[PDB]
Structure formats: structure tokens, C-alpha cells
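Chain by chain, the residues:
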Amino acid sequence: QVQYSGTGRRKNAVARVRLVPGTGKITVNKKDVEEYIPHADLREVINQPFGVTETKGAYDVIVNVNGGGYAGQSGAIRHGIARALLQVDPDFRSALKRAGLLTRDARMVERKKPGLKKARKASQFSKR
Amino acid sequence: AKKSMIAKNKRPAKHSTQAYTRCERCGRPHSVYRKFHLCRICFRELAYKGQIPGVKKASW
Amino acid sequence: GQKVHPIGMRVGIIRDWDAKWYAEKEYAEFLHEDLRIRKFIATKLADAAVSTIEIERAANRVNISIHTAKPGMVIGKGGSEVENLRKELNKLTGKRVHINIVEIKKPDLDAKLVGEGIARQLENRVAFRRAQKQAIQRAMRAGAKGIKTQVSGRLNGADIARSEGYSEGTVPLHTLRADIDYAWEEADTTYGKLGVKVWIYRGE
Amino acid sequence: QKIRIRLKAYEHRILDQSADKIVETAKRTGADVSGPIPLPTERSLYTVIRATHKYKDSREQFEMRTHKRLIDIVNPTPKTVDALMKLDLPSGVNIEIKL
Amino acid sequence: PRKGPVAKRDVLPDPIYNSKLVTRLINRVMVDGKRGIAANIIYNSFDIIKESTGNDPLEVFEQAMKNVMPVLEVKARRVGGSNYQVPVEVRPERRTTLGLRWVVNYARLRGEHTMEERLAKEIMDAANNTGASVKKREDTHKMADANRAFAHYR
Amino acid sequence: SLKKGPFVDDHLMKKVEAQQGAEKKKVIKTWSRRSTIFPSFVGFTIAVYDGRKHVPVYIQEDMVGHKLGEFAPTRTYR
RNA sequence: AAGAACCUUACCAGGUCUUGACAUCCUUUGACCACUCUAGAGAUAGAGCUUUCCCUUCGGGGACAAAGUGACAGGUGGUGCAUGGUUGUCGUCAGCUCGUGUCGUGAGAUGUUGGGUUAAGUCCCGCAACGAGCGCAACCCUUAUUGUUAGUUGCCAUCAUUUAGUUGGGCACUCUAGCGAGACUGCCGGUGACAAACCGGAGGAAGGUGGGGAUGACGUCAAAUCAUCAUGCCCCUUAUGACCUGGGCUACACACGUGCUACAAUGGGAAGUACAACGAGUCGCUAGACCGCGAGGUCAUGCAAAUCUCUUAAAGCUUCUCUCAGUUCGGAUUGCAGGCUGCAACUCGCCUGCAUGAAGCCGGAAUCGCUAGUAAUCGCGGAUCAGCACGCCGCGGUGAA
Ligand SMILES: [Zn+2]
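Chains as they are written, first to last, in UniProt numbering: chain A, 3 to 130; chain B, 2 to 61; chain C, 2 to 205; chain D, 4 to 102; chain E, 2 to 155; chain F, 4 to 81.
The set of hints was computed from the structure by calculation and includes no laboratory data. Among the hints, erroneous ones may be present.
Only some residues are given here: those of chain D computed to face chain A with a beta carbon under 10 Å [stated by the list, open to error]:
# : residue
1 : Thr-50
2 : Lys-59
3 : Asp-60
4 : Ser-61
5 : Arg-62
6 : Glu-63
7 : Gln-64
Listed below are the simulated SDA-like cross-link pairs for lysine to any residue, each with C-alpha atoms no more than 25 Å apart in a straight line [said to hold, decoys possible]:
#  : chain 1 : residue 1 : chain 2 : residue 2
8  : D       : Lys-89    : C       : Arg-58
9  : B       : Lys-57    : D       : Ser-21
10 : B       : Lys-50    : C       : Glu-104
11 : E       : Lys-35    : A       : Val-16
12 : A       : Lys-120   : D       : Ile-52
13 : D       : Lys-59    : C       : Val-5
14 : B       : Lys-57    : D       : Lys-89
15 : D       : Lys-89    : C       : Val-98
16 : A       : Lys-58    : E       : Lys-21
17 : C       : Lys-21    : D       : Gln-64
18 : F       : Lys-17    : F       : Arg-78
19 : C       : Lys-149   : B       : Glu-25
20 : B       : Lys-50    : C       : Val-63
21 : A       : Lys-114   : B       : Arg-41
22 : B       : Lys-58    : C       : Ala-29
23 : C       : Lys-26    : B       : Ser-5
24 : A       : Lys-119   : E       : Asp-33
25 : A       : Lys-114   : D       : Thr-50
26 : B       : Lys-57    : D       : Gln-64
27 : B       : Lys-57    : C       : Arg-155
28 : A       : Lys-119   : B       : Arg-41
For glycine and all other residues, C-beta sits at the position ideal for the given N, C-alpha and C.
Given these sequences and hints, build the entire structure.
Right, here's the structure in full:
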């Protein structure tokens, strides 16, 4: 068969997704969405690229992803899925991009500053 | 009393727990890096001169 | 105090470090070694007008290279005084030592030479105003784009101190593509200590 | 294959042009050379206040970017060994061959 | 601030109920940036709503946020050297905001050791227009227009 | 915290070796801040020179759980 | 002060010195030592092999002692109001100047003023001004996407596997790092003097200085620093200098500034159960195995590092117990028994276990920080350290009005 690769990056994480036609499944680090990842209900979050592109499926997922915390690497799965759905059919690009949900969040943790207590927190300063 | 206490490091100590570290060209006992054997600001002054190899100013 | 060394601003961007090394696990030895090699040079700098000492590292051959505006006055008689430098120098290091003499040209646009010359003339009861003016006029007429000069201390053998100087030619400083030279010199006549600062610009 | 060389220095253009010279000698005087593999460029930090006596609210931080280079040669001859252990210049880069 | 108006920080609806108002209810309750606990207690509170006398819990939320949510407000102003007040309008955004503010105020100290039947019975009884929060809105309307007198000429 | 043997100052140990089988001297003009007590010490009197003057005090058999620096304090708060 | 048993540490109580603890020169020079013991609170007095020319030209020269000798050495002793140097603050505020033309009897002015706009002396229109320079902005670094080049110690898409990317294989991905492209109000519509400019629309990873840094003009405050250093003048220089032992410099009737943990049930306890990035390392990080409730101890393994180790990250998630109390909240203070480092940790170090279990249920007048990956919360790393952190620097997870 022909594999459908997909890359995924958000919040100091990295996701390599391999996509395949099937019945609608998800295997992350050889484990299911409720096995490797806890209670979190990101059904609309992860399968929202299946909101308008082949609604609502059903294709099967193999993905190897590490780095960051739990929700941040789950945010990387959107890039692999929607990018791979772009790779399958170009004609779903407009319906995605009118809702967006394809561009990378270019934002991560702020650099500190010496003298301050945090990246923007200043010390408690008496008037005199 | 610095010039005797410059020579205080140049002798062997009475026992182990007195070998303190200071700068070489000045003699500050505080805030001396153990890698370069230079104090707080003599490191800073020689750093601007472009005479220490390596070191640049850091910004990111 | 709120201004920065341009030599600190431009190191590792458009100019190089002196002691061109790599030193894993033997660094401080060569550091204070090279600092003492730097300290011995006060015999030359008295009257031979050396400027910089570029310091290299062979296998185990010690490599420096001095830059002065007098090639004949450092080589001495036939190569007899340079041998005296090697003899007094190899006692200090204790290694295969070799020195190079690279003749630097155009002394009329540097910072250390011109500034140390006028620091010499400040001791001899010279009007500092016309000293600044003659220095900037001789520096500009050798091809330049700007000179800044400033003197601080107990000027004119007098009361409460000043800090001033005269400057000509449009010198940029707050940019990067500079290739400029800065030098600080001390000079006392009898009252404490006086200092000078000096600036050039010569393109990019 | 019984030769591997590392170049740990500071100025990366001196680094990679000296790497290009020794790869030149390698593919001239033998055969089957790999590429100039780069390495993750370890970096330290330093921090010194911008004053002498007081005024702790303003500092200055310095750094040490040490690039590293890595080159492997596959199935050489002892003639290129004679070329590689005797070619020495430049100077600011580490000069050490290994197995 | 001083130059003029500003942006609005757009939000996204729920994973289940798809409501920005309930999303705002989530992001009000969340203490110290822990969204798992607030989501758990809000979905389980809607489950408690659905068990006893509740069918569309988004709609009983909307009834509660009808009858706690104001229409007017006071504002303690000053003009020329004394501290006064005035019956003032309210934007629809701040109207919902103050409604949620008053609800989560009285959602703190009901007396139940359940972390969510205080919430559940709060919006139930606010849809039943009882509890102190609907009466808080009625006292806000009460203290409005009594100060209409010394504020209509400013 | 030195269960590989409790510690005694050695010249003080020299004098206690000199004075166990012999008679006893109350004058011990040193610090002994690095010398504990264990029950083979009772009967000696020590003038602990605390760096200011020296404080003569004897030894009790329940003055045995500790060192020789309690009895010349260097604070003097009155 | 980026480390405060001793040392550091100048303040003292003793016990000690005078060309000296440290520098230069003449003469004898000179290859100078070390080790053991006697005794001191030691520093030091003394005895035992005692330091031993590296060219010998028939003349001496190097390692430094030790001695004569004086030149002298030395001072954290005073003056930031005699100073060089370096630095705070106004403040990243947006000003500050020059040439030529013109006006004014002259000092001088105009430009740089009026209308709009920007973060801005940034830009447009206008006006006897036309321009330029220092500033602002840009040129530098990091971060947001992608291409090339190079594929091991890195990754595993296509095959066999176990303890596994391992073993073979591959450089597809991912990642590492040199060079590149990409974002410039570049285009659409409206507003506006058509101009500058504001808003909406498109493509795009990024649209309106993308995000973040580094960079601090003219000058003000005789601001701070003779205690890093240098340094005029004043003073000491058988003593304000010198050597060593023992003690402080957190002693506390009290008041003030900064920080940490609580006053619980969005929690507490018990069990099981996932995911970071920055860095650090040979006299150091410790693999594995064993002993102890424990802190730790032993045997012993890889590694001068994309290989080995710190190092299963915490908050997480799923169950079970607790049921609103001065309470399984709280853990201050105290007894006992232990570890760890040096020479011993009673003044004065860090940690473990057991025993007690306070004040304390959100705090007056007032007051502080903060505009988005921020505030709040939770861990981790090291400079320098023997050991010593609620401090500082830095990284990352969750993530709001
Ligand atoms: Zn120094």
C-alpha cells in the first residue's frame, strides 16, 4: 500500500504520523488514545481535521511522538493529520483554511530577564 | 594586609580545609571562577580586550 | 557609566581573539602564561611603539607576532637584540619559543600609538587643546572619516576636575560595521592621574 | 574502518575549511570517504554583574560556543595515513587522529 | 488603555457541549492553571443536573444566566471634589461576566462538601430564580434608580 | 557521628596519660574544644582558655555525654 | 558576600618579630633541601646524612639558602568634595548639532515653527530656507516554515528478532549544522488633502516595527566606589606593619524590608499508573547486585562524551480510605538514636528515623506586580563549593480576566 506520512510540531514537541486507510483507529507509541494518553477528551481536537475532510473518517493512525507535556504533544497530532489529509486530496485545503487549524502556533515559552524575578514579574517594591 | 595574604596561598596550608581560591592578577578571595583563576571584574575587563580566547557576549 | 567597548561589541563578529587556541583541560596554565608574556613587553613599549601581539599555537612551538611602526628599531643591530629577547623570554616560558616581527603600517590612523604619544606630551607642559587639535588634524589628513578625543583628570594643575575633548569628522559608533579602534592611556604630571580616550573610523 | 578524526574548535569556517583540506587529501590519496559530520555544538554560560561595589540589578552574560567536527574514512591505505598524520596546519583547531 | 479600544481574545467552544459560555465557565473556575479538575467537575455537575430534574443542561444554564444576569449597574464616580455614583448601562459582555462572577461568588460557600452539587443546585435554583444570586441581581436593580436622583444631572 | 571512634585532643591526652597514674593538676591552659568526655576522665579540673581568659572547672561523672566547651561561653549577654 | 567549621575575617584575649611575611642591589655568594626526635595553645628554639656548580677555556657562570649591610620593604591607616577607572537614575525618554542662503545696528534668529500621523526630530502637506551629521530605525544573535549538503554515537519508513534499533540493512523520516529562500503595506476595497496614514480582504508558516534580546546621545544628581586595581597629598613605618592559637561578626527587651509553608475536602492519606528541555562530569557522574524502616554502606561496571552517568521529571491520570472538626489540616519547638565531610561538626554544618504536636480557620489603616504562552502553579539543572540554598542565573510542563 501507500503510506500517508505527517509531521507534527507544537510547544517543544515533535510528532511523526503514519496514516493508512482503514476503519478509524489511533495507535500512539504502539498504544491507543486512552492507553498512552489519560482521560482527556480531545475527540474534537484530534479528529477536527476530520470535521470537513472525509467526515468523519475513517482512517487508521500510527504515530511516534515525544517531547513536552501531555497536551502539547497532543496538539502536534493536528499537524500530521491535517497535513496528511492535504497530501491525500488538495481540494480540502480551502474548507480547512477557512476554519484554519493548519498553521503552526509560533509561540512558546518566554525568555527570562536578569534582575526580574520571572520573565515579566517584578519584585514587590516598597515606596521607600 | 594583602601582600602577605597574597603569599598566604603560595605556601602549603596547615591541613586540607584552607586552600581557598582567589584571582591571580588581583587578589580578591570572593567571586573568582575556578576555571580561569580570575575574579569577577578582571575577567570582565580582559573579556572586553579580546585577549581571552573563546568568550563572546551572549544574547538570545 | 553607560557606554561599552566597541572592541567588546565587535569581538567574534568582525574581528578575532588574540590567543588563537583550543585548550581542553590545560587552559589556565596557558592563560596566566600568556598574560605574563603580555606583561614582559614593557621594555619594548617604552620607546619601540608596539601595538598588538597576535599569539598563535603550534604543536609545541610558542608563536607570537608583534606589530610596531619601527621595523629597524626592534631588530636592533643585525638580529642581536631579538636574540636577547629570545634569551630573556625562554627563561620565562620554558618551551620552544619563536617570535615574529610583522611590521604594521600607517601609524597615523591607530588609537594606541597616537593616544600614547599625546599622553607623553601631556606630561611636558603642553596646551592640551592644541594637542588635541594637532592630533586630529594629523589623523584626518592621512585619510579618515572621523576622530573623537576626550581627556579627564585634574586639568591645568587646578581645582575640581573636568572631562572634555574636541572631535571632528562624522564617526558612527552605534552601528556594527565599524573596524574602529579604542585606546585608554594614563598620564600624571604631578597631580594624581589624568586619562585620555581616542576614537577613529576607517570604513567597513 | 580503523581511522576517525575529530576537530573541536571555535571558528566554524576555519573548522570546515580545514575539514575540507583533510577530506581533499583523503579522497585524493585513498578511497571511500564519508562526509563531514557535524556535532551538537555544546555551549556554556557565564554571568558577571555590571558594577564593582553595588547595583546588582544590572548584569552581563557571556558564553562559549564550541563547535565540533566529525569525519570517518572507510578502507584506506597506509600511504594516506602518512599524508594524514603529517599534515598539520592550521593551528586553532584540534589536531588528533584516532581509531 | 489610553490610545483607544483593544482586541477581544477570542475563545473556542467545548469538546462536548460546544458552548463558549460553558467555556467561560471553565476558564473562570480554573485555579492556578489546572484545567483537568475544572473540566471533570463541570462535566460531572452537568451529569448531576441530567439525573435529577434536568433534560437540556445547557438550557437550564441559559435560564440561570437569564435570571442572575443584570441589565443595569452602579459606578462610583467623582466630578469636582466629592465621591458620587451613577446608574450606568452595561455591555452584553460585562453583563454575562458579572452574572458568572456573582454565581461563582455564591458557588463557593453553600455548605455542601460536594464540589459540584453546589454548582448544580446553584444554576438549578437560579433557573428556579431562588438562592441569593438572583436576589443579588434584584438588589442591584434595587440600588439602581434610587441613585437616579443625584446622578441624572451629571 | 564518628562511630569509628570518638575523638580526644592529643596533647590533652598526653597530659591525662601523664596524670592518671600520677596525681592531678587543675591547670590545663588550652582550648580542648575538640575533646569529648567518656567515663575514664572523671577527677581532672580544666581551665578552658576560651580565647579570652581561662575557666577552671572540674569533671562530673554525668558530665560525660559531651565535649569540653560548654563551660566557657563566649557570648556573655548582660 | 557567586558560598560566612578554622582559613576567609582587618575585630578582640593571650603568646611572639624588627632589612622583617613579601621586592631590588653590593660581599661571602650560592646548586637551595627534606626527614626523625625533644617541648609548647601552637608559631618555632635544639640534636641526628645534612643544602652541594649542570662550561672550564686554568679566569667563572647560573637554583636559592644563609649572613654583614644600608638603601629599604610594607599599611583593608584618611581624603569619592583632589582623581583615573568602572557603575546607578532620568530612560530606550527623543531629543541634540553643523554647512550654505536669508533676516536683525549686534548678542542672535530662521532651519527644528503651523495642519495630520507614528513608538519616535518617523513620515506627509505648508512656510526664506535648502541640506547634512550624531541619535531613532536598520546592519548582529535566538525563535516561527521550507530547500540543499553530510548521515554516526542520531532516526527506523522496507525486511528476522530479542532485553531492545539490536543484528544486518537504509538515510525515507526525525534530528544535528554550514549555506539558502521566505514577510518588503508586497497586492484588493473603504476612509483620508490624491499625499502621509487608519481599518477591513486575499495568499502565506508568519501582515503591518512576526515574538524576544543585545545596543543606553547631548546632558542631570560634587549620586556610589582610595576596601578589586591605579592614584596627588596626610600619617604610621621596635609597629596603625609582622606570626600563631582561641573566640566573634544571627549576641537579642523590640521595630522595619524581602522571601518560604500553612490556616484543608478544587483537599489529605494508601496503592498502581505517562510525558520535558537546559546543562554537568576522571580523581568525577555511578551501571548492576547485596545490607539496613531510613539517611547511607559494600562489591564493582561504562565514560574524557549525540555512546556512559546524573536522570523512572513534579503537578499528572485510575481506584480505595477520610467525612468538616483545631480535625489523617498544620508541622513550629523539644527528647532519643543515627548517618555524611573534615582533624573534631556540643559556640557554628547538612540529612534520616522514632517520641510530642503549638501558633495558626484568608487577615486594619494602607500597599505591590502584571496586557498572552503573560499572571498563577509545579519540577529540574550549576556557578561556586569539602560540606553548606526559601537566594541568584537558566530551562521546561500545565495555562486563565
Ligand atoms: Zn581579578
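Requested in this report: Using Cβ atoms only, decide whether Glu-63(D) comes closer than 10 Å to chain A, and label the hint accordingly.
Outcome: Because about 9 Å separates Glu-63(D) from the closest Cβ in chain A, which is inside the 10 Å limit, the hint holds.
Requested in this report: With a cut-off of 25 Å on the C-alpha distance, tell me whether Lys-120(A) and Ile-52(D) pass.
Outcome: holds (18 Å)
Report task. Assess, step by step, whether the Cα of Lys-59(D) is no farther than 25 Å from the Cα of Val-5(C), and give holds or violated. Result -> holds (18 Å)
Report task. Would you settle whether the hint for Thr-50(D) is holds or violated, based on the nearest Cβ-Cβ distance to chain A being less than 10 Å? Result -> holds (8 Å)
Query - Given pair status - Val-16(A), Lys-35(E), alpha carbons within 25 Å - result: holds (24 Å)
**Report entry** 25 Å Cα cutoff - pair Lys-21(C), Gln-64(D)
**Finding:** holds (22 Å)
Requested in this report: For the pair we were handed, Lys-119(A) and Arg-41(B), check the Cα-Cα distance against 25 Å.
Outcome: Distance of about 23 Å is within 25 Å: holds.
Query raised in the report: Is the hinted pair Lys-57(B) and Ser-21(D) satisfied, with a Cα-Cα distance of at most 25 Å?
Result: At roughly 23 Å apart (the allowed maximum being 25 Å), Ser-21(D) and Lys-57(B) satisfy the hint.
Query raised in the report: Taking 10 Å as the limit, does the beta-carbon of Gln-64(D) come near enough to a beta-carbon in chain A?
Result: At about 7 Å, which falls below the 10 Å cut-off, the nearest Cβ of chain A leaves the hint on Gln-64(D) intact, so it holds.
Query raised in the report: Is the hinted pair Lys-119(A) and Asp-33(E) satisfied, with a Cα-Cα distance of at most 25 Å?
Result: holds (18 Å)
Requested in this report: Measure nothing beyond the straight line between the CA atoms of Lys-89(D) and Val-98(C); if it is 25 Å or shorter, mark the hint as holding.
Outcome: holds (21 Å)
Query raised in the report: Keeping to a limit of 25 Å between CA atoms, is the pair of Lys-17(F) and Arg-78(F) held or broken?
Result: violated (30 Å)
In summary, the structure is inconsistent with hints 14, 18, 19, 23, 27 from the numbered list given earlier, while agreeing with the others.
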